[PDB]
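Visitor: Below are the chains, spelled out letter by letter.
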Amino acid sequence: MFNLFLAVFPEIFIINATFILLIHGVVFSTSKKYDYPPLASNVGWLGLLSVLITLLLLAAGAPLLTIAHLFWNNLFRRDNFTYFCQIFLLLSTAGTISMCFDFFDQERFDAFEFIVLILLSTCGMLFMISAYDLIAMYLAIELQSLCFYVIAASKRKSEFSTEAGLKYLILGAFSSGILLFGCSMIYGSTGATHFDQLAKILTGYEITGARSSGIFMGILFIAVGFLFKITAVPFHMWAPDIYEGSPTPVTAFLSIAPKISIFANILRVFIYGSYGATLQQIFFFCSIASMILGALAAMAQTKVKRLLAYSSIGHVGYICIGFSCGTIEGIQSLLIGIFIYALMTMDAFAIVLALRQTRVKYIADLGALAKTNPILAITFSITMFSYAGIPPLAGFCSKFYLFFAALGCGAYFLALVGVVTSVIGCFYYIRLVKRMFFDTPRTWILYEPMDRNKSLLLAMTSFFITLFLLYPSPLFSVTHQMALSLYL
Amino acid sequence: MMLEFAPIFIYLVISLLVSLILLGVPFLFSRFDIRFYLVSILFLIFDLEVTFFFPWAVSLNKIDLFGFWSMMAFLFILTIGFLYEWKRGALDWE
Amino acid sequence: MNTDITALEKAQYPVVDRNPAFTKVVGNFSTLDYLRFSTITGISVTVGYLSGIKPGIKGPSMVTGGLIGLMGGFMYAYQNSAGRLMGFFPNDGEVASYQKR
Amino acid sequence: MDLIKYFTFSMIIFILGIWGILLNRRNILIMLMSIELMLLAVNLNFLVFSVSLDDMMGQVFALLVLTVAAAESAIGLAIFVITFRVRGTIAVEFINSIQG
Amino acid sequence: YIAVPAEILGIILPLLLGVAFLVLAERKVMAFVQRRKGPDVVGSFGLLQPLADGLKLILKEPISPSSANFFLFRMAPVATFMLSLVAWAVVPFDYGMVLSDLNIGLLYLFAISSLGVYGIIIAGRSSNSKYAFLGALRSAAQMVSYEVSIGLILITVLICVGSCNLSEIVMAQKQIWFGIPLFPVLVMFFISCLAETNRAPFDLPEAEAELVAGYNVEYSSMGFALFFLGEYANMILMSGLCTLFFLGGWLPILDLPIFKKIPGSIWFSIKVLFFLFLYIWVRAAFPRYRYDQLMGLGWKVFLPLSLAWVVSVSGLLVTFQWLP
Amino acid sequence: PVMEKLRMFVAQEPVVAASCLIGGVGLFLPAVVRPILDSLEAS
Amino acid sequence: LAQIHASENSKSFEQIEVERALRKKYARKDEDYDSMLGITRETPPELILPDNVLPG
Amino acid sequence: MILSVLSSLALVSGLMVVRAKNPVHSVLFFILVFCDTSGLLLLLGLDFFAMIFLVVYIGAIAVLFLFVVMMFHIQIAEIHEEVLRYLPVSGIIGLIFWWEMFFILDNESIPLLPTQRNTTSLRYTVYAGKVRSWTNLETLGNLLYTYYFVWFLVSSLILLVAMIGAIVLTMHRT
Ligand SMILES: C[C@@H]1CC[C@@]2(OC1)O[C@H]1C[C@H]3[C@@H]4CC=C5C[C@@H](OCCC(CO[C@H]6O[C@H](CO)[C@@H](O[C@H]7O[C@H](CO)[C@@H](O)[C@H](O)[C@H]7O)[C@H](O)[C@H]6O)CO[C@H]6O[C@H](CO)[C@@H](O[C@H]7O[C@H](CO)[C@@H](O)[C@H](O)[C@H]7O)[C@H](O)[C@H]6O)CC[C@]5(C)[C@H]4CC[C@]3(C)[C@H]1[C@@H]2C
Ligand SMILES: CCCCCCCCCCCCCCCCCC(=O)O[C@@H](COC(=O)CCCCCCCCCCCCCCC)COP(=O)(O)OCC[N+](C)(C)C
Ligand SMILES: CCCCCCCCCCCCCCCCCC(=O)O[C@@H](COC(=O)CCCCCCCCCCCCCCC)COP(=O)(O)OC[C@H](O)CO
Ligand SMILES: CCCCCCCCCCCCCCCCCCCC(=O)O[C@H](COC(=O)CCCCCCCCCCCCCC)COP(=O)(O)OCCN
Ligand SMILES: COC1=C(OC)C(=O)C(C/C=C(\C)CC/C=C(\C)CC/C=C(/C)CC/C=C(\C)CCC=C(C)C)=C(C)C1=O
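Residue numbers (the entry's author numbering), protein chains in the order written: chain N, 12 to 499; chain A, 1 to 29, 55 to 119; chain f, 1 to 101; chain K, 1 to 100; chain H, 2 to 325; chain b, 2 to 44; chain y, 210 to 265; chain J, 1 to 174.
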């Protein structure tokens with residue numbers, strides 16, 4: 012009996028460690044004897060440790076995660092794809108946590124519950140990746156969402172943070188209701204919620220004239236929920252406001268991990284299921300809309316956070332082009348894009364968090380940065396050029412695939428849109444470089460140097476961004492492996 | 001069978017009529058306190074706990090040890106939450 | 001409760017015990033298992049101590065880190081030992097001990 | 001005709017939630033209430049289908065969805081409370097400062 | 002179904018009479034403890050006092066203050082009164098003596114109890130009076146707080162019985178009354194019943210002298226009477242529930258032919274009378290808690306103990322395989 | 002010296018201590034006694 | 210002014226260390242979390258200058 | 001007919017939820033909607049869910065909403081607006097949803113037209129399933145804690161998040 016639970020050792024450990032940290036934090040934060048010490052950094056270090064131990068347990072036990080698969084079948088499904096997705100999710104969570112300590116001590120954000128909520132949301136996203144039934148998928152999505160709602164409003168006396176939370180909760184709850192409605196329609200039409208059963212029922216028919224309008228609209232509503240989650244246009248406008256109004260570590264965490272989890276869900280639901288061309292057309296139109304709107308709105312922005320939010324919207328458009336084309340290379344390119352975008356976003360938010368120690372808000376606040384911190388201005392410039400997709404930086408992969416699929420699926424309007432939006436993006440990315448290097452403002456802002464954690468993370472992500480294309484084989488092989496494991 | 005609910009409806013109708021008769025015969029001759062929200066939240070949580078207890082209580086003879094320990098784990102999570110509330114002063118009305 | 005230990009990906013090494021008992025797995029702990037266990041626990045205690053200095057609770061922080069490390073290290077050692085007995089990990093020692101007792 | 005009548009009941013509840021979103025641009029509390037109405041309609045959809053299909057999966061998920069609805073309302077009303085506390089008012093013109 | 006209204010009236014009317022005389026019995030017992038005579042002028046031994054008081058109330062002019070919640074103000078007492086009445090549809094007085102033999106009767110009682118709070122809340126809010134509103138909020142919070150412990154004790158009984166059917170709960174006590182092994186649970190249940198019915202030592206609405214205005218202070222004539230009647234009917238119901246769950250309902254004390262001679266309804270009535278006497282006795286014996294103290298007792302004492310009893314009973318019954 | 006700290010906790014929080022003892026018995030019986038009773042039945 | 214300068218320049222090693230730690234602890238604040246905890250952190254008197262040297 | 005009555009009550013009560021000027025009134029109508037829903041559940045034979053909808057939706061969730069809305073003391077000026085100018089946008093959105101979504105089951109689940117013949121005699125009774133009938137409660141409890149226990153525990157995690165968030169966002173300890 013005990014050995015059956017080897018399939019959930021990683022999750023058991025992280026949940027138990029989260030409980031231990033909750034108890035530790037609440038017991039000593041309330042201690043008069045110790046004079047109510049702030050425990051955000053102490054619990055943060057212990058939680059980073061817990062995340063790393065979870066990663067060790069998961070990575071080193073790859074076969075064991077598939078033990079007792081028949082017993083666990085109606086609860087979840089673990090395979091190679093989920094293996095790599097969960098490893099990447101844990102790595103992203105560890106990096107995001109490591110970027111938070113200067114924020115904890117200098118702002119004096121003393122709430123250790125922040126770390127606990129991050130860990131519980133990580134548990135939720137882990138269960139999201141392995142979900143193999145509509146019920147499990149919904150429950151894990153809701154756990155993740157509720158944790159985000161709470162942490163988005165963590166600055167509870169701030170107008171901005173409270174506004175972010177309110178908008179997030181209302182729009183999140185609305186989208187979740189729409190998705191749940193879709194799930195109910197699919198169950199009513201097919202008598203099934205398990206992904207295997209849905210695959211068997213729906214395969215071979217798609218729209219064979221006598222199409223289940225119940226099945227067709229259930230798929231549509233579920234897709235609407237998914238598109239809200241990935242911040243695809245027209246279900247996107249929550250994202251810029253929430254990203255800007257939330258505390259910056261929250262914004263960094265939301266920018267990466269939920270995308271990984273929800274894209275795992277989307278792959279395993281749609282790609283593994285079957286209504287077909289309708290849904291790929293959904294993602295096609297949403298990709299085009301996201302690219303165009305992201306480019307234009309980002310061009311309008313004068314503030315750093317909003318610029319990065321709109322940039323992420325545009326990039327999810329680029330990524331969803333891969334899902335749309337419906338090929339093994341499409342899935343592989345989507346995964347490569349997710350990985351590279353995540354690393355670049357981690358780099359960008361490490362810089363943003365470093366600059367938040369002097370309250371960076373506007374793009375113009377970067378003036379004369381090439382004088383006051385030359386190596387920081389260069390590092391940030393490499394990130395921008397990578398965001399623009401200039402070769403040989405890592406960001407060039409997403410552009411290359413966008414056009415590869417445009418000429419592979421046979422889509423020339425898509426190629427035209429890609430060209431135009433890429434040029435617009437390059438303009439608003441090099442505007443930052445111009446501000447740091449070319450401008451001569453009358454008043455300068457002198458920034459405090461970053462802590463060791465962010466400097467090390469920045470140093471590694473900056474080598475990856477510059478040098479990835481010299482040795483890109485491991486990512487290519489692992490992503491091809493994952494794309495194949497979805498069906499075999 | 002749902003047959004036994006019909007007398008309840010007729011009982012409700014009669015009780016309502018008695019209420020109207022009794023009440024109608026004499027016509028012939055800005056300070057928000059968060060602790061209420063908090064007690065509402067606690068009641069909601071333990072209301073759901075009782076809700077989940079009901080099927081478990083009637084099903085103990087069939088679920089045996091596995092069901093017992095799964096409910097115990099459920100209770101462990103909820104009781105950790107309760108300990109958190111207790112330490113934070115949510116249960117103190119002074 | 002019906003149970004089925006059968007894994008999706010078959011074991012690539014001889015199966016000494018398909019579903020080893022808890023105490024059998026613990027008694028199967030090797031020197032390397034104990035090294036992994038002790039290393040994880042020691043690192044966790046060290047992190048607890050160092051991160052506890054600024055709040056002033058280095059002792060209790062050491063205890064908390066040590067509890068996390070003890071649980072994680074035991075889970076990791078159990079994972080390795082059970083995987084060896086089940087044939088999922090290289091298990092030369094288990095096979096040698098099995099072919100003799 | 002039973003199944004079409006049970007489904008249109010839940011359907012009118014869902015459409016009412018949608019209309020409540022549409023008609024309450026100055027009243028975000030009612031917007032939250034409309035979202036609960038939609039969640040109730042979905043829950044009813046699972047229960048009706050469970051009976052119609054003679055299957056228990058609709059019933060398990062209905063209970064879990066009730067748990068989600070409870071947690072959602074708790075957290076949402078907390079966020080409402082803190083927004084009101086910061087502004088002293090619930091009017092929508094005081095929650096429009098993030099834009100662009 | 003044509004005879005169903007006759008059965009319903011045969012429940013409701015004697016219940017209203019019983020409430021009218023419970024008020025008199027409370028006055029009499031309180032007086033006798035206090036070395037005085039209660040009402041003994043209006044009728045012989047004061048037995049006509051309840052009719053006179055009810056007649057006075059119906060002949061009293063209603064006030065209906067100039068509030069903006071004209072409908073809600075009068076409907077709140079109707080709601081609480083109807084809820085007090087409808088719980089008796091599932092109460093069995095003897096084997097086969099019950100209006101609705103609900104299989105889900107225990108949860109139905111819990112639902113009715115949970116619904117009881119709305120009359121008090123609406124009366125407080127609709128009355129256009131800050132004192133009534135504050136008192137109603139405090140009373141509502143107290144009732145919801147003690148409802149948790151009531152529900153957990155219900156779960157303990159359910160674990161022992163394996164069915165939500167009240168008659169089955171009674172017949173499961175043929176071997177032994179549940180109040181013997183679960184005596185602390187019964188004490189907890191009685192105290193929680195006191196708190197849930199806003200009764201002494203938990204009667205905040207009665208604490209006008211303590212600068213705590215009750216939720217019904219603006220009510221006159223028959224709305225106030227409806228609140229009062231619902232409260233006393235709920236006291237009778239809580240006594241009946243204590244009898245059903247722990248004292249074996251209609252069962253005799255000993256399974257002997259001498260005890261089986263007297264009908265089960267009489268056994269049930271006698272146990273209910275004991276519990277009503279304890280209600281009155283407790284009101285006569287002790288002072289009252291403050292609101293904060295009783296809230297602390299609800300959340301810090303009775304909830305943990307109720308949960309612990311759930312765990313202990315279930316674990317013991319699972320271990321030795323004594324489950325129903 | 003944690004043997005009067007437990008004494009002090011029991012003296013100051015009798016309800017919590019009683020709840021812990023009652024629930025702990027309820028957890029101990031299935032965890033320890035039940036497998037013993039199952040083992041004695043096999044032989 | 211001489212009083213505050215004389216007081217600072219005559220401090221021993223131990224007091225210098227104590228005041229370094231105290232200064233670091235009270236350099237920033239989270240009054241919202243303190244209100245959640247229901248406590249009020251007060252500046253220690255060894256970090257408060259006399260009123261006769263303050264600008265007002 | 002009975003479903004017509006309950007659906008009409010639900011329709012009117014829901015319109016009152018979304019259209020009442022006073023938010024306290026909206027909460028009270030919401031409570032009427034849950035009562036009607038419970039009636040439907042009783043018609044379906046799901047008495048456990050019928051009772052739980054009263055216990056949780058009305059007994060706990062609506063109470064929370066009522067406590068919060070009552071202490072807010074919202075003035076109508078802060079949330080008032082004329083809705084006559086929304087009739088067209090609601091007309092198109094409602095109609096499209098109406099035409100699509102009230103009739104989605106019609107092609108898959110074609111109704112049986114009631115004829116002028118007693119079909120009740122064609123009801124086949126299998127007594128084998130009637131020897132030991134299961135309540136809704138015990139059928140659900142047979143599954144929640146053993147075969148689908150992981151989802152049960154994840155729901156517990158969701159409730160824990162609710163508790164933590166409620167404390168962290170609103171607590172001001174005296
Ligand atoms: C604690 C607090 C207090 C508040 C509260 O809780 C909380 O308090 C709680 C108290 C609750 C009430 C409790 C109780 C009820 C009664 C229920 O109402 C029963 C209705 C059902 C039962 O009705 C019949 O059931 C049997 C017949 O079915 C009868 O059996 C005969 O027939 C047998 C067979 O020959 C013989 O063998 C027997 O010998 C012979 O006697 C039986 O006598 C009779 O009862 C369903 O019936 C219908 O359903 C049919 C199907 O749809 C419809 O058929 C139609 O459509 C068909 C096509 O589809 C066409 O083919 C048809 O031609 C065409 O007619 C039709 O409309 C109609 O029949 C309606 C809900 C309500 C009000 C609750 C509301 C909510 C509360 C107030 C709660 C509230 C919230
Ligand atoms: C060809 C690529 C495609 C096009 C993209 C080009 C992107 C760059 C744009 C080119 C235009 C000109 C760029 C000018 C940058 C050169 C100046 C520079 O970066 O110097 C840095 C140097 O920045 C670095 O530190 C770069 C380190 C990267 C290490 C990469 C080498 C890896 C192996 C080397 C092993 C170690 C050294 C071996 C020999 C000792 C000095 O930084 P400061 O901020 O001035 O001061 C630093 C502080 N302090 C000197 C006190 C330490
Ligand atoms: C307020 C009380 C708090 C209590 C906290 C302590 C207990 C918490 C629960 C800890 C897990 C179980 C610990 C008890 C050890 C004894 C277990 C045991 O006796 O083994 C039985 C088996 O027990 C179990 O396997 C149940 C384990 C409960 C599940 C606990 C969750 C652990 C992790 C789950 C991972 C899922 C992800 C979690 C999602 C949040 C043997 O039963 P059987 O195989 O002979 O037959 C089965 C049954 O009799 C017929 O149905
Ligand atoms: C791939 C392209 C090429 C990459 C090349 C990689 C080469 C390997 C890297 C070589 C590293 C060289 C430096 C090694 C010596 C530094 C040792 C750090 C000592 C240390 O204890 O640092 C502590 C902080 O932790 C820290 O600062 C460490 C944590 C910093 C984050 C590191 C990552 C952790 C989370 C994983 C994220 C993964 C993201 C992937 C998506 C305390 O420091 P202190 O004493 O100065 O006091 C700080 C005030 N509080
Ligand atoms: C400058 O002049 C003006 C306009 O003109 C730009 C206006 O509009 C308006 C006011 C009216 C508006 C804004 C209605 C437009 C709203 C829409 C379409 C709702 C959808 C929301 C967004 C953000 C659009 C995103 C959707 C896209 C890009 C396409 C949908 C998706 C796919 C094709 C997949 C005013 C006053 C105005 O003065």
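For the record, the hints were derived by calculation from the structure and aren't laboratory data. Keep in mind that a hint or two might mislead.
[Stated by the list, open to error] Heads up, simulated BS3-like pairs for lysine-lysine below, C-alpha to C-alpha not over 27 angstroms straight-line: (1) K112(A) <-> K301(H); (2) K6(b) <-> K112(A); (3) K112(A) <-> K166(N); (4) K211(N) <-> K24(f); (5) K166(N) <-> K233(y); (6) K234(y) <-> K445(N); (7) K10(f) <-> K24(f); (8) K168(N) <-> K220(y); (9) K372(N) <-> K220(y); (10) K43(N) <-> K166(N); (11) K233(y) <-> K54(f); (12) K131(H) <-> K61(H); (13) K445(N) <-> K372(N); (14) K87(A) <-> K175(H).
Visitor: Taking the hints in turn, state whether each one holds.
Guide: Outcome of the hint check:
| no. | hint | result |
| --- | --- | --- |
| 1 | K112(A) <-> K301(H) | 11 angstroms, holds |
| 2 | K6(b) <-> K112(A) | 19 angstroms, holds |
| 3 | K112(A) <-> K166(N) | 22 angstroms, holds |
| 4 | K211(N) <-> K24(f) | 42 angstroms, violated |
| 5 | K166(N) <-> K233(y) | 23 angstroms, holds |
| 6 | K234(y) <-> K445(N) | 40 angstroms, violated |
| 7 | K10(f) <-> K24(f) | 22 angstroms, holds |
| 8 | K168(N) <-> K220(y) | 40 angstroms, violated |
| 9 | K372(N) <-> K220(y) | 42 angstroms, violated |
| 10 | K43(N) <-> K166(N) | 25 angstroms, holds |
| 11 | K233(y) <-> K54(f) | 10 angstroms, holds |
| 12 | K131(H) <-> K61(H) | 26 angstroms, holds |
| 13 | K445(N) <-> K372(N) | 17 angstroms, holds |
| 14 | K87(A) <-> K175(H) | 24 angstroms, holds |
Hint check: violations occur at hints 4, 6, 8 and 9; the rest are consistent with the structure.
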